[PDB]
Structure formats: C-alpha cells, structure tokens
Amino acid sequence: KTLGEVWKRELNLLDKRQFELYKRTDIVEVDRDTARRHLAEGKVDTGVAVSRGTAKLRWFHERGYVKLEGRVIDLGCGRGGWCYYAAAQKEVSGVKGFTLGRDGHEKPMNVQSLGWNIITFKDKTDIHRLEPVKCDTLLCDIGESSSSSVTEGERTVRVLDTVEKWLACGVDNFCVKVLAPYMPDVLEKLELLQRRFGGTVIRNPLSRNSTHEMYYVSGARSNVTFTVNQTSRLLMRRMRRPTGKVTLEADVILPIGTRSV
C-alpha cells in the first residue's frame, strides 16, 4: 500500500523497451569508457575505478553523508570500488573488504590506485555468517533486486539484521545499501536503527530508476518516512515521462601508488 509498493507494481508492468528507457530517465551516469578500456588492457597504474561503485561512494563522501575514517570494513565489496575509494583517503588507516566472489559473484579486482597496499580483500565469504569485527567506518553495498516486493523486503531486512550486529560493536561512520526502503517492515527497522545509531536514508543520484535503493548513512538525520516517499514520488514521475534522458559525468580518477612511511 505504500507509494513504493505501488511503484514496484507499475515497474513490473513495463515491457523490455519501456524498462530500458525508464531505468535511465533523468539519472546521472559516469562515463565508464576509459576505465573499461584500461582494465581490459590490464593497466593498474592509471587510477581508474574498478566499478561504478567508486563514483557512488564518492558522491556520499564529498558532501558529508559519510565520513571515511580509520579502520574501514566493506561488506559485499565485489570488485572493490568502495575499498579503493576509501583506501585513497588520508583519514583512512586500513581497509578490509569481504565478498562472496564465487559462483558468478564478482571477485575483488587488483589495481594499484592510491593506498591499494592498505587493503585486505577476502573472497569466498558470506558476510551474514562473518563474525563482526571492530572498525570505525562500516560500509555495506548488498541488496539483490527482485520483481517481488515481498522478496526485496526480505532481502533488505536480512541485510539490516546483519548490519545491526556490526553497528552494535560501536562504529563512528556507516553507509549501508537499503534495497527496499519502501517496504513497511523496513521503514520500521530504519526508524528503530535511527533511534539507536542515528543517521538516515539518502537517495544517490547515480542509482537507476529501476531500483528504489537508498543508503542508510551516518552523516545526516531526517524523517525516514518522509524522505523515502519523496523518492517514491520522484520515481513515479519519471515512469510517467520515460524520456531515457541521461546526464553524463566524468568518472572518478584516483591518485596512484602505495601509501608508505
């Protein structure tokens, strides 16, 4: 019954053509051409991002939605876009990335952008069964889309359930993907987490319209229900006018080399 649940229903009614167009309507996208060429060539010293994720985290970081400091842990690191971005920040002292990296799941990519030497990647790891570790900055970018809102809700609550174990260890900063913030059980869990750990959910402009994902971050505090519905309204306006118009932006280029001394 929430606006988001209606959005899901309408989204499933779209055909292949409509979906493609709607998905990119009025969104921002980084140009990945150069990065893809460099990675295909096996270049590791050009500072290009291993995934579109680097730009996503940069957006939150550059405007204070999440501070990247001290010991960073990245749950569901995949290729490592967030790990490399974090590793390049002077305030960060170490980065530990964990991901499944198997049976189709993306494995950590090895490049040598600034601070690559302070990153420890660990694949073949299900973060839902990983014993929480003390850290200062907790990142998690997990959440698989589903045509079923019930399923997206289940997946989102599971992620929040696991993340709560890590936040309970005491963390200063966090940025966690919330796949389906529009589901009522999720809204309630977010309200409870907000009272316990602070923060709020923010929509990243680089997210495609095909997902209602928002990120639970430590750098701001606001009315969760209100802001989730603001995004539901935006997503629905875009479905009524699916122009497929995209705004291209320059991708992230990080410094290179090891952080030493």
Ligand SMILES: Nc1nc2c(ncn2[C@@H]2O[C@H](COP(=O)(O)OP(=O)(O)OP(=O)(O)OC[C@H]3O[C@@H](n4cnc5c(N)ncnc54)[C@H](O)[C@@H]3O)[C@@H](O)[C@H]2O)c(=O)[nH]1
Contents of the next structure:
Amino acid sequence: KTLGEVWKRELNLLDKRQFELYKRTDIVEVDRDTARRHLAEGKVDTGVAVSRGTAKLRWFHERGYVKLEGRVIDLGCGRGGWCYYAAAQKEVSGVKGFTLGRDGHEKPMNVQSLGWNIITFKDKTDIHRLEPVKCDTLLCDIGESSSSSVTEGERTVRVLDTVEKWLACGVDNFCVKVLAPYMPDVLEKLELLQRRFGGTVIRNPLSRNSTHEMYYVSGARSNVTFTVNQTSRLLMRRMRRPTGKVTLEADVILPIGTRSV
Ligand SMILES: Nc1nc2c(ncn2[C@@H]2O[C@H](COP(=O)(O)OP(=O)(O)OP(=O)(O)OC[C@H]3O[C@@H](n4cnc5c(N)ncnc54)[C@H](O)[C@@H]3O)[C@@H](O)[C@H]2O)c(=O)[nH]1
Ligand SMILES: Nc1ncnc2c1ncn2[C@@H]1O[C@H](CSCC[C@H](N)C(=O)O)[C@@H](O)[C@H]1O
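Having seen the form solved without the ligand, could you now give me the structure of the form deposited with the ligand bound?
Time for the whole complex; same chain goes first.
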C-alpha cells in the first residue's frame, strides 16, 4: 500500500544488470581504496576508517542531525566505524560499543585513530538482551536487509522496540538506523517515538538504492510520513532507467593518537 512497499516489490523484479546498475545510480560513495589497502597491510596509525560507516555518521554529524557528546553507546558497532568517529570528537568523553562479533558477524577492528583509548569494545553481545545503561549519545546501526518487506518490517520494529528502552533512560542525542521506514507499523512507531523523544528520520546520501534505510536522529524534526515518501519517490524514480552513475568522494581520515590528560 505505501509507496515504499511498492518500491520493494518492484526492486525484487529487476534483472541482474538493472539491479546492479540501480543500486549505485546517482548515489555518493567514498573511495575506500586506500583505506582498505592500509588495513589489509596492518597499518593502524594512518587514521583511515575501518568501514564505510565512518563516512555515514560523519555526514549526519557535520550537518547537525546528531550531536556526539559525552557518554556514547554504539549498539551493533561491528568493525567500529561509528565508535572510532565518535571517539575522535572533542565533545565525546567515552565510547562503549557492543556487537555480536560471532558466527560470521563482523568483529571490532583495532586501529589507533584519535581517542581509540576511550573506546571499550565488547563482542559476543546481543544488544536486544543487553541491560540499558545511562548515556548521553545513543547510536545504533542495526538492520539486516530482506527480500521480504514483511521481514524487514519485523526486524525494524524489533530494533525500535529495543532502542526505546535505551532512550527511556534519558538521552540527549541519538542516531538509529531504521531499516524499513516505509512499512506502516514502522511509520506509526516513528510517529509515536517522535512525540515522546523528538527527532525525525533522514535519508543518508551514502545509502545505496537497494535499501530504503533512513536514520532516526535527534537533530531535526519533520513530518515523518512526508519525508519517508519523498525518499520512496526518489528511489522509484532512479529505478526507471538506472545508469549506475556514482559520485566518488574522499573517505574520512581522522587524526591519530591517544587522548590523554
Ligand atoms: N532483483 C534483485 N533484487 C535484489 C538482488 N539482490 C538483492 N536484491 C534486493 O535488494 C535488497 C538489498 O540487497 P543487499 O544485498 O544489499 O542485502 P542482503 O545481502 O541482506 O540481501 P538479502 O535481502 O539478504 O538477499 C540475499 C541474496 O538473495 C538474492 N536475492 C535477493 N532478492 C532477490 C531477487 N529479488 N531476485 C533475485 N535474487 C535475489 C541475492 O543473491 C542476494 O544477495 C534485497 O533485500 C532484495 O530485495 C538481485 O540480485 N536482484
Ligand atoms: N542483535 C545484535 N546485537 C549486537 N550486534 C548486532 C546484532 N544484530 C546485528 N548486529 C551487528 O550490527 C552490526 C551492523 S553494521 C554496523 C557498522 C558500524 N556502524 C560501522 O560504522 O562500522 C553488524 O556487525 C551486525 O553483526
């Protein structure tokens, strides 16, 4: 029924070439070449990002969609791209990242970009069962894509359900991935969360067209259904005649070193 649900259905009908072209059509992409080479050779002091996630969070942060301050908690940190980005910001005092890091799930990577010493990584942790703790900035980048819209809806509502427990503790800032903002139950949960905690959902330009993910952030407030549909309209427009044309941009390079007294 929603424009987004139609989008998912049409997405699944695309042929191999069209899907490949479609996913990167008119999107922005950071050049990960140098970063990947450094990481692969064991370099930990060049300030390169451990994943594409660092650039994603930087985009939100640099334009006020989320302030990174004080005690930061990163649910589903994976390799740690968001933890390292937050750790390098002066306003941040500490970072706790939690992730599964098991059975194929990315484990935290160890590099020494600025503030690596203020991050405490913990793997083998299912954040749905992790007891909420008080923090100032809450981050969560969880949401596994599924060809089934019903399934993406279920996974998204589960993430928001868990995240609400943490926001309820009282947080100033947040940036939470919403896998399928186009699903009706999700739209309603977002409207309820907005009334309780404020914020709104924003589409990151670094996201590929093959996913409708948007992020629930604290730095702005807008009409949820309107903006989710604006993104649905954009995604459907790009599916008409995929060019695979991408805009390459410089990846994030952070300063290096420990943050000491
Ligand atoms: N028409 C197509 N749609 C595709 C394809 N691969 C993915 N998708 C769609 O994009 C969505 C995002 O894909 P992404 O690779 O970024 O996320 P996942 O790694 O979690 O993909 P899954 O949703 O987990 O799918 C697993 C695999 O299943 C295959 N798959 C998934 N959907 C399809 C379809 N519709 N047609 C053909 N083959 C399909 C494909 O090889 C996928 O890699 C996915 O949920 C699908 O709705 C594809 O080859 N063709
Ligand atoms: N229930 C759960 N508990 C903890 N971690 C989970 C989880 N479900 C998924 N994850 C992890 O969440 C991560 C999402 S990808 C996160 C990327 C990160 N923002 C970066 O910048 O690198 C994956 O590693 C996935 O394994």
